[PDB]
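As a starting point, one isolated chain is supplied in structure tokens, in the form deposited in one PDB entry.
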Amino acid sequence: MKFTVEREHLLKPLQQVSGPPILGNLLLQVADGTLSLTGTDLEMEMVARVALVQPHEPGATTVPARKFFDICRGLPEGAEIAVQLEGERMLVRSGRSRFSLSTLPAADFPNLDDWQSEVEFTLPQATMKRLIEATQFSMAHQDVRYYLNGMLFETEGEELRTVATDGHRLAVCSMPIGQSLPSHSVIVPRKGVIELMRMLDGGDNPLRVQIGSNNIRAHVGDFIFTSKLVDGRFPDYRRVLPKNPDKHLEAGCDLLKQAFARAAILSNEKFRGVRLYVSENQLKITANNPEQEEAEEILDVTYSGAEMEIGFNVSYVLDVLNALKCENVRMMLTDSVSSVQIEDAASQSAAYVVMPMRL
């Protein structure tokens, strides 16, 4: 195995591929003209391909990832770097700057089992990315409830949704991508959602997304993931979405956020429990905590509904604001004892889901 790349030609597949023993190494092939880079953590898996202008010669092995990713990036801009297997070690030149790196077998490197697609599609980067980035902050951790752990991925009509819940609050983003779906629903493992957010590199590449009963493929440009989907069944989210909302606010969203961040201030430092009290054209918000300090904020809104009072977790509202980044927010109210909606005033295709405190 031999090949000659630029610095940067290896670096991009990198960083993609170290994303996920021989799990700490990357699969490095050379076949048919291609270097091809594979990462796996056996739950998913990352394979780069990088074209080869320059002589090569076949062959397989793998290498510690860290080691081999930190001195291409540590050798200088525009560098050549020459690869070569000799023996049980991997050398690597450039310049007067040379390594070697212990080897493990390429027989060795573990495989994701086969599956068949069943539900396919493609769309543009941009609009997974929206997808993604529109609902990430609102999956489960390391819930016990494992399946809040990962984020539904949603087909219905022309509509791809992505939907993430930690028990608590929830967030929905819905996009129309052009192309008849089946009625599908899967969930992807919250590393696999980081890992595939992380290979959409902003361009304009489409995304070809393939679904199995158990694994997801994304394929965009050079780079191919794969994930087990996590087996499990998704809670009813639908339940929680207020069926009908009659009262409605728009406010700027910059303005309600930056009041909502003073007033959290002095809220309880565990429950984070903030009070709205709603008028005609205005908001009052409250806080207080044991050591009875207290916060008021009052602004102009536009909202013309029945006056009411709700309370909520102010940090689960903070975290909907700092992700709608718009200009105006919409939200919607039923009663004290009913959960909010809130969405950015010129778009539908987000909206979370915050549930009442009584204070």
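Superpose the two forms; the largest set of C-alphas matching within 1.5 Å is the rigid core. Residue numbers count along the first chain shown, from 1. What changes on going to the form deposited in another entry:
For residue 178, a C-alpha deviation below 2 angstroms is recorded between the two forms after rigid-core alignment. Put the two forms on the same core and the Cα of residue 311 is off by 2 Å or more between the two forms.
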Given for the second form:
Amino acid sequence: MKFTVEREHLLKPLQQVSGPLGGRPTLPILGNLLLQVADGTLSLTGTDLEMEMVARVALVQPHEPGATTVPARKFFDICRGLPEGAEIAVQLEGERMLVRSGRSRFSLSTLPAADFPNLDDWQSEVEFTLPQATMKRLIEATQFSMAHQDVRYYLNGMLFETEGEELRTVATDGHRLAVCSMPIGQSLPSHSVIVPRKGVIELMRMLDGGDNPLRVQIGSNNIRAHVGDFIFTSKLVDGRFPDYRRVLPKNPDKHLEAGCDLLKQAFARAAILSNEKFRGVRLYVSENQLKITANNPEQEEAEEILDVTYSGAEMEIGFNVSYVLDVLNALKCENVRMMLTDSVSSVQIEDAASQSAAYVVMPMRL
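Okay, that's the form deposited in one PDB entry, but what's the structure of the form deposited in another entry?
Chain alone follows, minus partners and molecules.
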């Protein structure tokens, strides 16, 4: 195997395929990238057994077919450490892969290309295309609400649901939920799959082409995304993902609307004197007025008063301020709307000027 490619054509591919690598896995081969040269193309693959990232790099300079695997981090660092415009020649020599650029020479230890773990073959059942910006919005709007290491595995990811001409994402950790729906102009069959948490992040990270098209293929147990010259594939998470419609407040009798920035900064300051681990803050709503209070074990207190548009009975309701701030930070808008019922029930929050995304946060008993 042999090839010579410009540094600038190898940097992004190497960075992207190294994505699924933990950087310190308990398996040497998983710390390597599979390099394959065939028919004028250099293919680079990185994997963590659950998902894989493949990059294809056209080879315009002479090359020879073959394959091997080399340490991902070292190879990337070497390529990025070379000068701008550098030509990188690579030549496989058994248990070592040589790299040369100018008078910079390197020898990396290899592992058989046959030893590289590849996901099993599968069949696509549904596929659609959309702007990378759209997929990116869908993920960024809800990813922060995914669970991390919940025993309820299906929560450690994001639901991707197609319905009508819309693609929707839902994420929740049992305490809060985020849902976003966007139309894509293609009649789609009703379907839903759960993408693993790590897979969601890797997908979000490969989106940078703005209006450049993204191709999605969903199988019974896998999802695949074609982004330019990158192909991301991940296994799916089994389980029944909850129905967001069931947590949305019913017949909200209390409604609040206020500037997003002022609301966010008030919660931010109040948070300073909230319990460091429980982060509880109290909200008191009355005619056109919101009062936010916080106190910690040292008996310190914070109080913020804001002019707001509020209709409904006066009420006190508690919240984990971090959950509230997460929502306000995810909303990049002028005004926010909140719909409530009672002190221990769901509260829905959204951009007062858009219904494309909605957030539900469960209060705390304070």
